[PDB]
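We have chain S; now place chains C, Z and P onto it with these hints.
Protein chains: 4
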Amino acid sequence: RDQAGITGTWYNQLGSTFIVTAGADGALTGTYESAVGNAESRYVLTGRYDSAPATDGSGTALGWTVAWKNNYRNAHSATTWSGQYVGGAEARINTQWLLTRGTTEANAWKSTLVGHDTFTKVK
Amino acid sequence: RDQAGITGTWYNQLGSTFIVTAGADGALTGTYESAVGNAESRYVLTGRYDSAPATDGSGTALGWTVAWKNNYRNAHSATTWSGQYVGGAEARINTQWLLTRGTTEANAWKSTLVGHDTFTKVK
Amino acid sequence: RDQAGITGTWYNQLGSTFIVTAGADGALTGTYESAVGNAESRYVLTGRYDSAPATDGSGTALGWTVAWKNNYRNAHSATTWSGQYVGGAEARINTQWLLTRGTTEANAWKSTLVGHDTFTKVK
Amino acid sequence: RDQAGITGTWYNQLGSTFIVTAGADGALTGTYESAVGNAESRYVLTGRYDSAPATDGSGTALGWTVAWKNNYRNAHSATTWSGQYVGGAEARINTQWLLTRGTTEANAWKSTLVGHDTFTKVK
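These protein sequence lines are chains S, C, Z and P, in that order.
To get the numbering used here, take the position in the first sequence, counting from 1, and add 1.
To get the numbering used here, take the position in the second sequence, counting from 1, and add 1.
To get the numbering used here, take the position in the third sequence, counting from 1, and add 1.
To get the numbering used here, take the position in the fourth sequence, counting from 1, and add 1.
Misleading hints may appear alongside valid ones.
To be verified - For the chain P half of the interface with chain S, some residues (derived, Cβ under 8 Å), not all of them:
1) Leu15
2) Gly38
3) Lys111
Claimed, not checked - Negatives, chain C to chain P, calculated, CB over 12 Å:
4) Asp3
5) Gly6
6) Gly9
7) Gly24
8) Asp26
9) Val37
10) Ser42
11) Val45
12) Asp57
13) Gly58
14) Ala107
15) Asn108
16) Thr121
17) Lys124
Since the hints were derived computationally from the structure, they do not count as laboratory data.
Heads up, the beta-carbon is just placed ideally off N, CA and C, and yes, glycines get one too.
So that you can see chain S by itself, here it is in the shape it has in the complex:
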């Protein structure tokens, strides 16, 4: 339903760039570029979305992962964004995210950051 809705270039409140293709099978594939956190250039992302969402005005559930390793840098970390795509005049992806850093057992308690990103089709 939202394959075309989701496919494209999205920007969050930080100036990060999320380039995604939604597959007819529920796949999400693309690249993430973070404006913050010592990331450089594009990182692979993959994820999933609900390819057959409720017809009742509900958002479309989705998430995706970026491991912060590319040819430029390795943060030894990974972020997952869990959220929903909201169609219409000003389409949004509203997300919450978990970033886990690889740590020792002794630092495991502080391994994970949590936040929220809102993505729009205009910067």
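Chains C, Z and P only, in chain S's frame:
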């Protein structure tokens, strides 16, 4: 480094089954079967992991997504697990997860569940 | 430093009302009224804030708890807001929150909702 | 119902010490000592719990806050624990927590850590 470490069948504290292959390129591919939450049978998952982790005793950062749609059911939801793989005698994947349900704007505030799953190679 | 900054009436993006007094000792005391989630009227809250924040332009760390029981209703739940107070022209409290419902062991996995509320001094 | 159940000394998986009194009015008051994160000695905590929980075998919802300032140190941060008290043979408090550090706007995205602590009456 942990491609073989991660590839395989993992079980969490709920009796859920996570079947994953780690690609040399950082890919995670496989299937998830939840013991809870009105899921039935296998659901596609995709994700990423740090294919070149720190050599310093740190875990390996990873995450993955499941959209809760297969041929049996559609929960109109998606879970992301963010965590780290810890190698050795009793290998673990320690995760935190966000489950977002597709909702109306009026219910968006209650769209997202958070928990923690610990995966082991024995049930 | 921010005792006066924090003391007052705040509104979030949902139209909820947070009435708080910051004590010189780091205490937060007051009442919360939720615009959503079948809450009615005021609920007691308590919390803490950093009464001696960094002088470097950083926010002031704080959190507080509401148990969703008053003389009108009992949701058998509790929310904690963790965030920071940002002073200046448009003062904000930026929070992330965890709502845990009392559950059986069998439903514990779905006990906890997560979100984010941003509070302003104007509605 | 669980006033006596909750009142006491609890330990988490990190060796931290949570000393709490549950008030008949839903209050939680006491002190927290963290085994990790450069905390030293006791810090004030306050919170709330459901003083009239469901009679149906459900846990009792609660949370509390610690601002990481005492006479010894100031981390410029605050943790909230949201969870539920589970009575019986081996009483537990199962929590999820958010730690927000005071930050600049530019670092706000990385302000918040998330984890999970399980508290028992024996160390």
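Would you say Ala107 (chain C) is clear of chain P, with no C-beta pair closer than or equal to 12 Å?
23 Å, holds
Would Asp57 (chain C) pass as off the interface with chain P, using Cβ distances and a cut of 12 Å?
Nearest chain P Cβ is 19 Å from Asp57 (chain C), so the label holds.
Evaluate the condition: distance from the CB of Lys124 (chain C) to the nearest CB of chain P exceeds 12 Å.
21 Å, holds
Would you check whether the claim that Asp3 (chain C) is not at the interface survives, using Cβ distances to chain P and the 12 Å cut-off?
23 Å, holds
Tell me if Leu15 (chain P) is really an interface residue toward chain S, meaning its C-beta lies closer than 8 Å to one of theirs.
6 Å, holds
Interface hint for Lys111 (chain P), Cβ within 8 Å of any Cβ on chain S
6 Å, holds
If I take the minimum Cβ distance from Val45 (chain C) to any residue of chain P, is it greater than 12 Å?
26 Å, holds
Closer than 8 Å between Cβ atoms is the bar; does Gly38 (chain P) clear it against chain S? Give me holds or violated.
7 Å, holds
Beyond 12 Å from chain P, beta-carbon-wise, is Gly24 (chain C)?
28 Å, holds
When you look at the beta carbon of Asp26 (chain C), is every beta carbon of chain P farther off than 12 Å?
For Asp26 (chain C), whose nearest Cβ neighbour in chain P is about 27 Å away, the distance exceeds 12 Å, so it holds.
Is the Cβ of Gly58 (chain C) more than 12 Å away from each Cβ in chain P?
Holds, because the least Cβ-Cβ distance between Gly58 (chain C) and chain P comes to about 17 Å, which exceeds 12 Å.
Non-interface claim for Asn108 (chain C) versus chain P (Cβ beyond 12 Å):
Holds, because the least Cβ-Cβ distance between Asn108 (chain C) and chain P comes to about 20 Å, which exceeds 12 Å.
The structure meets every hint from the earlier list without exception.
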